[PDB]
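Q: As a plain string of letters, each chain reads:
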Amino acid sequence: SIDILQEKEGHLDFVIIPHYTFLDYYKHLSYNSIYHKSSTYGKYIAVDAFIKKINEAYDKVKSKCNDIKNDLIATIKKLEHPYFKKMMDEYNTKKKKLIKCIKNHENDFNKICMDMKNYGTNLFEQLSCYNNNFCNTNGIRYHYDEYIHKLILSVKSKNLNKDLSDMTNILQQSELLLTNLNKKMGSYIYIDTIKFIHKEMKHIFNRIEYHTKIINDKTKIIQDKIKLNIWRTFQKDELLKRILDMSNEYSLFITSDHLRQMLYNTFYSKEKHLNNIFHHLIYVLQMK
Amino acid sequence: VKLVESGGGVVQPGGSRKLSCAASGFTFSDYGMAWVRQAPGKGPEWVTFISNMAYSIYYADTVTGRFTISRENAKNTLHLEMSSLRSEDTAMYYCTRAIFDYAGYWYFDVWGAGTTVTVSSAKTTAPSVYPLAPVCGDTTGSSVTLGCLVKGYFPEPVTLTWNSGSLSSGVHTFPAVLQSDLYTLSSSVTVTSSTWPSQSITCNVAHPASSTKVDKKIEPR
Amino acid sequence: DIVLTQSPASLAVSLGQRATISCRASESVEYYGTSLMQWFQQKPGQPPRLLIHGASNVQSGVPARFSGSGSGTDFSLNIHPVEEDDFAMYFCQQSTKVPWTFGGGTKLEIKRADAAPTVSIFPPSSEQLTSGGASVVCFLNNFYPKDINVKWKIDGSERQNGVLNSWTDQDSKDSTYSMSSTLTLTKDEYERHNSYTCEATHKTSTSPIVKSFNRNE
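Residue numbers (the authors' numbering), protein chains in the order written: chain A, 160 to 242, 300 to 504; chain B, 2 to 222; chain C, 1 to 217.
Keep in mind that a hint or two might mislead.
Capping the alpha-carbon separation at 25 Å, the derived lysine-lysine pairs in DSS-like fashion look like this [stated by the list, open to error]:
1. B:217 / C:111
2. C:97 / A:219
3. A:310 / A:237
4. C:97 / A:333
5. C:97 / A:211
6. A:327 / C:107
7. B:19 / C:111
8. A:302 / A:486
9. C:187 / B:19
10. C:43 / B:218
11. C:187 / B:43
Just so you know, these hints were derived from the structure itself, not from any lab.
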């Protein structure tokens with residue numbers, strides 16, 4: 160599934176949610192693999208480089224969509240700033313044209329993902345212990361501390377429940393401002409855009425709510441599980457299954473944190489557009 | 002760091018064979034492994050690859066469905082089960098250790114000496130050994146050249162010596178060539194003219210497979 | 001399938017000189033800014049030996065006189081200065097896409113003085129005739145360069161049928177080449193012709209080296 164994001168005015172990007180999770184899962188496998196032994200630590204330079212070459216390659220496949228994406232930006236530019301029928305239909309076709317462009321470059325995206333799976337599985341396959349019945353967990357401990365711990369704290373320092381309460385509040389206010397607002401001639405083009413922006417904002421809200429639930433669920437699971445795989449040893453097979461389980465937990469957690477932030481920014485970019493149209497209704501036309 | 006292939010020999014067409022490879026001098030389970038083959042007079046041909054823990058297995062289309070690579074990490078052994086053997090499978094079979102470079106690629110660094118698989122319906126046949134004396138009425142020179150023709154044997158090898166090994170300089174033994182299932186080989190010996198036939202020259206051919214040893218003295222025509 | 005075309009098929013060089021051998025791939029062998037081109041050396045009766053792996057990465061233990069360059073589809077192996085142990089076969093190999101392919105090979109051979117072949121003709125042995133066969137053997141020994149053309153003539157007319165040829169590799173001690181040519185007929189056929197000839201065409205002479213005999217003369 161695809162998520163379209165408008166973080167700043169004039170900027171528009173998309174994410175293939177399964178691809179982001181897949182690419183990230185293999186990043187964790189690669190790192191857990193090299194951190195297990197002190198002799199393989201120095202391979203961080205080579206792993207950082209390969210992952211960077213894959214992200215830049217994936218970005219080069221989306222950068223070859225930039226024409227149709229900029230065409231959608233211009234349609235959004237007209238919609239967001241009227242100061300709606302054909303404009304509403306214009307928006308949906310340009311949106312379906314972009315979605316069609318992403319499906320056409322599927323083979324190009326899939327291969328990079330497949331190239332990352334091959335690299336990740338290969339590093340992981342090469343994971344060896346001095347004594348297979350007593351595998352160290354220093355790698356799991358180092359990886360968590362250096363790639364994951366700061367993200368759990370970042371989430372805990374923020375208040376995402378308040379963020380959803382503050383988002384519903386803005387949605388409640390626009391619903392009230394639309395209803396408890398005296399009707400006026402020529403305001404129709406603006407009333408339709410507000411009702412439209414509000415719907416897109418309610419859709420963005422539902423996504424943020426869906427992702428915050430995953431962040432909250434995964435933050436407890438990660439913190440609980442990490443305690444059980446940290447200051448001990450495992451038989452090789454158990455160590456590997458334990459690394460696989462953590463990578464899946466990390467990948468899902470990271471993905472939706474990344475998406476919540478991006479959708480938070482898009483809810484507020486579209487909120488700036490509601491403030492502007494309501495300002496035009498009250499000041500340029502005074503609709504008490 | 003050593004790789005030792007075993008299991009080679011003669012296989013009749015449509016037959017099967019298992020090849021083993023013993024690894025020593027390194028942690029076998031830490032490497033990807035492969036079989037590469039080399040047909041007589043041809044370059045190497047990659048046939049199959051198995052990763053460290055067998056997550057990745059690849060095959061050449063020429064071998065796909067007929068050959069099976071496998072490994073026993075605890076016994077330091079790589080296996081090759083070959084099944085519907087054709088004449089085209091006749092080769093020196095090499096076992097190779099594969100390194101996964103952190104730039105994301107596999108390369109073969111250590112190879113074993115190889116093991117020969119000969120896919121043929123031919124029965125073991127002792128060769129016909131013929132003494133080749135020079136032509137008559139020839140002009141006088143400083144040296145004479147004599148020959149030996151070894152025709153229709155199977156399998157390789159044959160051991161050809163001159164005067165039971167005492168004549169080695171001035172000797173050219175040609176690589177065996179296949180003539181309709183059987184091998185044929187030639188050898189020449191060149192000596193100072195005045196010494197032959199006065200100081201006799203004998204060709205000796207030993208074919209271990211048929212447990213024969215044959216002598217053929219070269220006599221003037 | 002990726003087709004690696006090596007050029008030249010054979011290269012003759014002297015001690016202390018540079019040997020540059022090239023390889024061309026059907027399509028790019030590049031994988032995220034790395035050209036996955038390996039180079040191997042192979043001596044007779046010996047397995048291949050790794051020399052270079054990342055198009056340019058010299059293997060540990062491989063001397064500094066060996067170097068690799070290029071990217072995409074054009075690759076070259078450089079040996080400078082050439083040493084005695086360097087005369088061998090060289091293959092290139094790609095590991096970008098499966099099946100992993102090798103080139104046909106380039107034989108690096110030593111340059112030496114031209115040497116005309118010494119040709120000897122042998123009528124069938126009497127032992128072979130009593131068994132019903134008749135092989136006429138021709139030896140073409142110690143020649144240089146490698147390139148030679150042997151034609152069989154029976155009563156002045158060329159015979160291509162029943163010809164088996166064998167060629168030795170470059171000699172270790174003298175750097176020359178030798179060849180054996182066998183024309184096999186039945187005794188029935190052999191007893192129907194009189195003149196048997198083998199003609200050698202080699203750069204050492206524009207005119208061929210002819211060795212003949214007349215049956216029963």
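Q: Would you mind confirming whether the straight-line C-alpha gap from residue 187 of chain C to residue 43 of chain B stays at or under 25 Å?
A: 35 Å, violated
Q: Between residue 97 of chain C and residue 333 of chain A, is the straight-line Cα distance small enough, at 25 Å or below?
A: 16 Å, holds
Q: Checking one constraint from the list: CA of residue 43 of chain C to CA of residue 218 of chain B, max 25 Å. Satisfied?
A: 35 Å, violated
Q: Holds or violated: residue 19 of chain B and residue 111 of chain C, Cα atoms, limit 25 Å.
A: Violated: residue 19 of chain B and residue 111 of chain C sit about 44 Å apart, past 25 Å.
Q: Straight-line Cα separation of residue 97 of chain C and residue 219 of chain A no greater than 25 Å?
A: 22 Å, holds
Q: Quick one, are residue 327 of chain A and residue 107 of chain C close enough, alpha carbons at most 25 Å?
A: At roughly 38 Å apart (the allowed maximum being 25 Å), residue 107 of chain C and residue 327 of chain A break the hint.
Q: Against the 25 Å threshold, does the CA-CA distance of residue 302 of chain A and residue 486 of chain A hold or violate the hint?
A: Within the cut-off at roughly 20 Å; holds.
Q: Check whether the Cα positions of residue 97 of chain C and residue 211 of chain A lie no farther apart than 25 Å.
A: 22 Å, holds
Q: Straight-line Cα separation of residue 217 of chain B and residue 111 of chain C no greater than 25 Å?
A: Cα-Cα ~38 Å, so violated.
Q: What's the verdict on residue 187 of chain C and residue 19 of chain B, does the C-alpha distance respect the 25 Å limit or exceed it?
A: 45 Å, violated
Q: Given the hint that residue 310 of chain A pairs with residue 237 of chain A, does the C-alpha gap stay at or below 25 Å?
A: 13 Å, holds
Of the numbered hints given earlier, the model fails hints 1, 6, 7, 9, 10 and 11; all others are met.
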